[PDB]
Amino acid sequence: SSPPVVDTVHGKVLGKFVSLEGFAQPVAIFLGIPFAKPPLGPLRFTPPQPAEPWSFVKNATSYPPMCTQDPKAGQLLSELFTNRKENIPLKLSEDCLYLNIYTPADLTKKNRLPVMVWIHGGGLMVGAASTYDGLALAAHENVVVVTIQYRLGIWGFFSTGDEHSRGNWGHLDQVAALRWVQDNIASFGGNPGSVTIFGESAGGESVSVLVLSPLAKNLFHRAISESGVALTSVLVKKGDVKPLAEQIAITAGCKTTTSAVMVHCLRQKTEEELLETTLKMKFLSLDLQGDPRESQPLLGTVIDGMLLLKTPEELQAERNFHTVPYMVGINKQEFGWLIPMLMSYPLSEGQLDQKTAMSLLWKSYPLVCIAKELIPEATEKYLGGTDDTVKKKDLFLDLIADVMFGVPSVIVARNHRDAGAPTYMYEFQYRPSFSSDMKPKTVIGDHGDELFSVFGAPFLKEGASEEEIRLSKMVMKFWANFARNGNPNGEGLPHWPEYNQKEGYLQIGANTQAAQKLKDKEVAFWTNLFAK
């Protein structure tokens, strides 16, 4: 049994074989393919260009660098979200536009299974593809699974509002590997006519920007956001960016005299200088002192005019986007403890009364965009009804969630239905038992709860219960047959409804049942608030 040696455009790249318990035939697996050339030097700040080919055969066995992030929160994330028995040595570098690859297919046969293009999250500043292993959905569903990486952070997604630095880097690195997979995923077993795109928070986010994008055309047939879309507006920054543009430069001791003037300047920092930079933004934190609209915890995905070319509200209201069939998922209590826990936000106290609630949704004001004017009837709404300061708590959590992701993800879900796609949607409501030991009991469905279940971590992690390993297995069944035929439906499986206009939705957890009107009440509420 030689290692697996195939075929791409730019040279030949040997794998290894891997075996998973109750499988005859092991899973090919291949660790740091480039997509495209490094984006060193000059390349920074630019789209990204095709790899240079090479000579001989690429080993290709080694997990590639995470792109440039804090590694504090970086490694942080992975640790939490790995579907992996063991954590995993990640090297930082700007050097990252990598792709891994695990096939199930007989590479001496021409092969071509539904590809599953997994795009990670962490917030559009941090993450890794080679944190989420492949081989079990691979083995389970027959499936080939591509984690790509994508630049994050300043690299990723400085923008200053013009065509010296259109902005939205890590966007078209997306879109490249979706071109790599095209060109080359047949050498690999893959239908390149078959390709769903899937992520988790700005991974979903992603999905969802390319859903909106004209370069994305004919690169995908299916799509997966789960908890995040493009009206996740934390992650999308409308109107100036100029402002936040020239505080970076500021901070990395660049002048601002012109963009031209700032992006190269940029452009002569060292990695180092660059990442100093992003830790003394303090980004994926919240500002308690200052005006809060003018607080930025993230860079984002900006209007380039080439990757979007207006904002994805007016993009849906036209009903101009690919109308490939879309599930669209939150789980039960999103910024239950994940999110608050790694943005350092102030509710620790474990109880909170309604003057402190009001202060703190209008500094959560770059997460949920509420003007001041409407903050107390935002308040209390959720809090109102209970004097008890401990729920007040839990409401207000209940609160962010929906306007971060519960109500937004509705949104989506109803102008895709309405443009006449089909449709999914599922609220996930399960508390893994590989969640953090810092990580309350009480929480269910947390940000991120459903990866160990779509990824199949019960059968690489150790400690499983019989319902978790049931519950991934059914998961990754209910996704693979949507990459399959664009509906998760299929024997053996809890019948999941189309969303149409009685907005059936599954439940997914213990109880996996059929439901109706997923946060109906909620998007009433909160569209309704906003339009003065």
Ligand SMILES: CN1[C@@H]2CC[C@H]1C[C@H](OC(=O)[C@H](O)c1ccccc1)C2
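Numbering follows the first chain given and starts at 1. Basically, rigid core = biggest C-alpha set you can superpose within 1.5 Å across the two forms. Compared with the form solved in complex with ligand HTQ:
Annotation: the position in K332, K269, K393, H322 displaced by at least 2 Å at CA between these two forms, with the core superposed, corresponds to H322.
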The other form holds:
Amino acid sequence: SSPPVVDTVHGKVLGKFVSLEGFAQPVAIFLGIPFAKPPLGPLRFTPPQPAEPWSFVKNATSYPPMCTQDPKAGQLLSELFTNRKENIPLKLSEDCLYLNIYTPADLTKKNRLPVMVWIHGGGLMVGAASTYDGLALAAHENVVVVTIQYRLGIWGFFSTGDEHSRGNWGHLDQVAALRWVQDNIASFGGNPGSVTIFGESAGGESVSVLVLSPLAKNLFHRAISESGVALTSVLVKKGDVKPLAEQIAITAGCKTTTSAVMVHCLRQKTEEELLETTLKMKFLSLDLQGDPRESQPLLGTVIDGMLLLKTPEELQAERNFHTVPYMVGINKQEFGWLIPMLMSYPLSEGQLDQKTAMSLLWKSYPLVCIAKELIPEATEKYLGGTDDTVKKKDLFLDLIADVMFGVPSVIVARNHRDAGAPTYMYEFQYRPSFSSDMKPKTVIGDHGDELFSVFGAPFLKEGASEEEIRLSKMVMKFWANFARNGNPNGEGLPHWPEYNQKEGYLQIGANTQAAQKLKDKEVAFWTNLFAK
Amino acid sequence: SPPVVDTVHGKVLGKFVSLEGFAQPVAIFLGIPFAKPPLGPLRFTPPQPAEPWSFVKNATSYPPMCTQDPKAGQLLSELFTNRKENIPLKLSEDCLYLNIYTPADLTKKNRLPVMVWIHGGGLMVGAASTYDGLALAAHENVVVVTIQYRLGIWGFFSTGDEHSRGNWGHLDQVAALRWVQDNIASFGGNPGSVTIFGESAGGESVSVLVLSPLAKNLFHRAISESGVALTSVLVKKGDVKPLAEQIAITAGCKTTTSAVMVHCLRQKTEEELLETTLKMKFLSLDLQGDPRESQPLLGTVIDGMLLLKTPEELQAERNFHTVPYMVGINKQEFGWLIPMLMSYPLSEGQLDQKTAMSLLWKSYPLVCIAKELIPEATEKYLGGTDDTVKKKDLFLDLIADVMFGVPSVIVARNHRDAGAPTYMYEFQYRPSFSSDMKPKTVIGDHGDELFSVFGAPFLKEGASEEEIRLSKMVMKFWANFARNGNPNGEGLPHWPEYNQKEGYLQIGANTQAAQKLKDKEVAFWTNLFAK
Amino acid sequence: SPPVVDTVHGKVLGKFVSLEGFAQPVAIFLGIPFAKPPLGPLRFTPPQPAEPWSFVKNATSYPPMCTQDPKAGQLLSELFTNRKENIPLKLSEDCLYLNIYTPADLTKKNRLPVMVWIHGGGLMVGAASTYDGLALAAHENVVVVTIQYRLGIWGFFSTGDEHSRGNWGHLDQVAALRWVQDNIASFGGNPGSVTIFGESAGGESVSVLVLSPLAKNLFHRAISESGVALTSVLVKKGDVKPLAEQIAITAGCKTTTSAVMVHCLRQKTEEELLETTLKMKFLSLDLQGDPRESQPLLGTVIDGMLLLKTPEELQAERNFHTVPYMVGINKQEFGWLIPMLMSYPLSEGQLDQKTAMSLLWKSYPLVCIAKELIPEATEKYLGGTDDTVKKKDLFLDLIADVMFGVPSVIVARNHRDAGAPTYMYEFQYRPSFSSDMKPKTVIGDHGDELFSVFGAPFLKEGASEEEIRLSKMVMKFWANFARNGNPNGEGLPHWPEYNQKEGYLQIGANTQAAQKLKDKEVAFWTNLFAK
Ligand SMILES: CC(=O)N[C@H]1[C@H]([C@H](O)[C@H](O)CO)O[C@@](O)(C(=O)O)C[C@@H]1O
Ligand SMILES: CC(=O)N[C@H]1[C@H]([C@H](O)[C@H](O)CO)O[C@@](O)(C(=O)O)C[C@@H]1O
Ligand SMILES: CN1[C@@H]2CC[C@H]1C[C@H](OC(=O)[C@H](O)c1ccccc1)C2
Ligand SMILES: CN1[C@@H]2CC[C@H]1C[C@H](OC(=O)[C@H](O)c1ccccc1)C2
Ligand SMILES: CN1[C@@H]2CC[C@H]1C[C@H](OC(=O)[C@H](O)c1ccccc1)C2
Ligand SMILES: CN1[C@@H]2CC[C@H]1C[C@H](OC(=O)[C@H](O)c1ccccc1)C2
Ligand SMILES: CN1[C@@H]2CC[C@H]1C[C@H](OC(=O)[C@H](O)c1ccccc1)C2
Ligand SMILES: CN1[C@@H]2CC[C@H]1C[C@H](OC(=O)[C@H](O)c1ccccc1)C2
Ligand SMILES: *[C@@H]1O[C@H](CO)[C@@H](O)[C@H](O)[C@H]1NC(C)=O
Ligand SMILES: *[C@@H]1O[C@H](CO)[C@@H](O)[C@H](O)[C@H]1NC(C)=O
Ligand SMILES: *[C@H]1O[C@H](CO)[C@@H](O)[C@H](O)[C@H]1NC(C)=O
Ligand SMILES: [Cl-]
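Since the one above is the form deposited without ligand HTQ, can you give the form solved in complex with ligand HTQ too?
Time for the whole complex; same chain goes first.
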């Protein structure tokens, strides 16, 4: 029918209508709306700038490029995480500061539907907004869904530790996208007054970070972190970041005489060159050959003094900042298959013994950060139970998931709670039918498994059993009610308690019901073990 | 003693040149910047104000012409120039300059009428220095300004969106006019009386500016010689993304997104882009490959800043510059010059019906005649004689009418009906300065009026009495127009105003008024295209 | 606990260094940025303010020195340095830094006089890190600031127009002064009491800054050591365009226009410009061919921003804020250093009047003397007697007077006549830190006063009590001047002001007042050149 034409600050955008089985009002979908000026040339390694306005009508009907990244890794993850039946193949480009909108509202009348801005995960190295289709969630819960993109890897996080290149460019991209939503979402029938930010993994961590950043203040009113927070150490760079910067510059064929000299040279480099450098660094890949403490898993969030004035641990300790309803959750087996798979973890055996276990835990230093002097104690506290080598492996993946997501999430959850703001938690346990063929059937609640329920995968992909369909229906109700009231609860849905002193949380799965003291035992074990 | 003048951005030093018999010397200034050199980041972006210089800027040397095909550019400068010897020119992206020729007495105050010249060249080649305004300045006592603008890739690359809207060259023309309004007074010129005029692409430019709201108060009269906004070859209609992409690919750039192409194209050296230009083989009749997919030019587009609609839609709205406008054409626009420059296959010097239709199709990029209408067209023009030589000449008539004759007249009529003063002419004469390679039978070839308009007879050699007179007349007709938005004057054949009677001036050895210019042709084509 | 100071742009962290005989440690801050790195498009453009930093910048490591001949640079550093062992430096275009040495107790509120040092090196080489301000700071309780500024092509390339005015290094010097005004208070200094001083090109810089309306309020006292704005070699007169083109071609650039050259040179890499720098042989003397065509060393030009006209025209103009100015020279300015570093053909040890005139002519790029005047010049100095050996020395006194002696006095007199406190001196002493390859007969060689000024006798070893007392006295005089505009004080021989009696101080083992410095020489030359 007559295509939707929304008028924005920078110009008119033409999208398209797409109907979803069971909904009369078709959803207006806008693809590739620029929220900032392409970070090309001298704009590389600098805060994002406003997009130039355009004349006539902009055709927002093609999927935007995904920010330069490992094209193979990128696609692999996209296929593994997409909620649509046909994974969209994406093109690489530094000109990737776009966002996609899905509005279930009737643009012929004025609406103020709650807005949900999704920040994709990908270890801040890969990923894209197009991987996530917001059609189902928009129609079902009558909410405006916005998936956004931000610079990754070298382009979005290169830091020199100083003012010549603070870092966190990707994070600034995220904040810029949030301002754009403030200034334009009303045109798409959304209520700028109710913007909810939510993300998974690195996206969860980004959400966790904005919640702690003054720059993001008043840009959102509710937040959701799925399998990822600011205390998930692997994504936050503590200490002097100068060494990493130099290594990158050297690998790219640049002198390190000074900071400005390094940045100037990296700006002259072409995209293909910075990509080749990215590939040489072997990011997102477990480094077995070489000292574990020097291994650099990725380029991430730093304490730039602009976005983050100090460390997350210190930031969440304060109690004099703008608070918002925050939902933090994790999956049953955050390290059951997906992550170990992508990083090429040495587990082609199926079993593991105490001795070898202490070996991987050390090699995994860049992800867990457990001192070689604590390794023995840690590994024992987990594998000292059974003599079974197979059950040991399972407890090992438990060990890592807790350090990476479990404990960091509960702690963040607690502090937010002790800060006087509504806090909610959940533990997702369910093996989706859209899992990989290589993923063992015994893995339930793997990293990313909740994505399919959150983005209504059952209503776009085939095979979903009636059970899986309802699960997704329930999940979207919670997320959408949360977006609406800052409380997930609603009639016809299992009661979800607040994460107060009793530490109540919601176990989401075949059997969704409330529980208590999530990871209580582990938070204490690690809080002590780490305290050295 | 060297004339010096205070401009908005600093003092400039020029030179005095006297023309035969004239006591009052013409103060000439060559290579005055009117914009910041469009280099690096500034490429494919709107012209920017020039930076002021501290002391006295020496303006006594000719500026480089905008990057273009060195060969074609020189050839055209030689065929169109009106000075004795053609001057060698340098190429550069640093070409945003304008030359001034003022007959005024810079010591006292003057407000002579200003005439700004926009050279032609298909928007691909050309230069201001090609035209010496000495004769016209002295003879008609007007200040003559010749301006340059970005050409080809540099001045017209468009991604069809905000990353590279296009019409950079037209923006340069505007900036140049802007500069005249702020400085011309210092050169003895009256900024309140500015006439823009040019031929061919420069004629189309004048036409485009006459429809653009950006040039609102930048000129007061307009003259388009052999070229208007309706010469379809110069104005790209529809989506231009395809040609943008072809250019990027030819230059070794990815076409991922507009921003990607633009950025890549900016990282290219002037020389790589010129090489890309040479690769594209513009301004040449492409006899191989589908005619519908050949871009002989990179022209004007509907950018949304300079032009908000197509020139057609802009005429209808009777929404444009209601200033005195003079539109004229020459007897044989496709006489020799253009087909000669485009390597048209007419060696035999004859032409039968079939070959005519076949050639007309290949000429698609120039006339846009649907393959299904080619026969009616060829029949209407050629089915009248069995003389293969006449068919061949009638074929050049047809191309001429589609490119200039018809387009020009429709423009005049619309300009007329909008209530603004309008005038038309048809120049028919063979300048003695024509290239020796051009047959002596070609009368009123493309650009043939240039020699009268710029006083070639007074700077070059060999002009007969008849020719000398012709130039005097044309220059006066032109200068009078700049003064009153009316060409008439004492001692000049009467030029009726192009009103509903459609009176126009037939300029030549014998100059006399006539009516209904290309009237029947306009009717035929309007109908043929209505299908 | 290390020194942490807060400045407008952010917090800096230094280190304490104790000096023998002073309880309060001196806080030293190395490599604080006073401008934004002049890289990429910022090349050949005035310095821009540095960007603020978010935490505590570590300022405890020497900064790189502006790109220059690494060999000449290191050499001149070793020869001039006042510290025990010369510090090896790195080359970088990112060199706009300054070092601070404050003796003030930063936990208190001190406001001591500030002395900003501008090193020399023909504007081609040199570094701030060469001069350790420890001794001077502690001994005279003043804050010492050693600054850096762009050198060679980077700091002085000029097209003679607005596309690259030039004087970039001078604009850096001014920007360093601006920085000092906005931040020095947090280092214990009094922003209202800033004295700029330097030697050679650094002296010429001080001299230039004193005439520039750009620094009319950034300092309160000036000291030019062996070098003023009248030392022709460093200041350019006439069209500079040729030099620009010669540099552009040596770098492999087109020369179509100014913008073209500047644009192309901005695309060059630091190494490429360094390769170009070396190819030019800037500080060496050419013995072959016509001397007038010798490489005109890069230098100060009349840009129209820093200097509105030649220095000789600004001093008579009496147009420049009046501040106390101290101009001084050394006994044998062309004694050994400058010649040795320029590879002068004097290995002979003797010189007749024939080779002298030949050599003098060959010295045109330095002394700038007409060929028809060479005989007089020679005859006047060497004609005295025979003894070719005694003549080479009279030849050296010749060069010295033309480069520093005459210019200095002239400048002093003009300053004095401008009704401003003026002081002159002649340094005649041979530091024990002299090079081993320096003749024992050379006393008061170029750069010899630096060792007393920067208290070398308290950093290097072996200073005799006489040399120590000389250093104590010079520092006393300098600091006294920095805080009163008058060098005199308790425990010091009287230094008369340079009034009409032209009284100046003779500093050395024996320090006493004298009169009419180079008076006869200034007469001979002012005259000889008049012809
Ligand atoms: C008319 C048109 O194709 N618009 C498209 C633009 C252009 O492709 C870019 O601006 C490059 O020109 O942006 C998208 O491709 C994108 O980035 O997702 C989507 C949109 O459909
Ligand atoms: C002093 C001087 O030569 N000015 C001239 C400049 C320079 O030649 C270029 O900018 C290269 O510096 O530009 C012109 O040549 C030009 O292109 O029209 C004309 C002008 O008279
Ligand atoms: C917080 N993240 C966790 C551990 C560190 C970081 C990267 C990893 O990434 C993912 O799960 C992504 O989904 C991904 C990235 C790259 C390739 C494949 C998959 C998961
Ligand atoms: C084909 N697989 C081999 C043997 C059976 C099956 C599961 C096992 O994987 C794991 O325990 C981890 O889940 C893992 C580690 C590394 C890569 C992929 C998956 C490794
Ligand atoms: C409006 N223009 C007419 C027809 C289309 C366009 C190009 C052509 O150009 C010329 O006559 C130029 O004068 C030229 C260009 C290239 C080479 C030689 C001469 C004449
Ligand atoms: C016998 N002819 C002469 C020499 C070869 C052949 C074609 C040429 O004509 C052209 O190049 C022009 O295309 C032209 C000019 C004038 C009339 C007709 C055609 C003129
Ligand atoms: C007024 N100066 C004199 C003559 C021109 C100018 C530079 C020269 O050199 C020096 O002062 C340095 O001592 C130096 C720098 C670079 C190379 C060699 C020597 C001495
Ligand atoms: C390589 N040089 C040769 C032999 C050793 C050294 C000094 C000498 O120098 C001269 O004759 C100079 O003319 C001079 C230099 C320093 C002071 C006075 C005179 C000539
Ligand atoms: C927008 O782009 C799509 C796909 O590129 C195309 O099919 C559609 O026609 C365009 N919209 C219009 C009508 O301009
Ligand atoms: C400052 O830099 C110096 C030398 O680079 C280094 O030794 C010192 O540890 C640094 N100080 C701090 C604490 O950053
Ligand atoms: C133009 O005049 C300037 C200043 O007199 C001079 O430098 C330059 O050489 C002159 N150019 C010509 C055309 O001779
Ligand atoms: Cl992630």
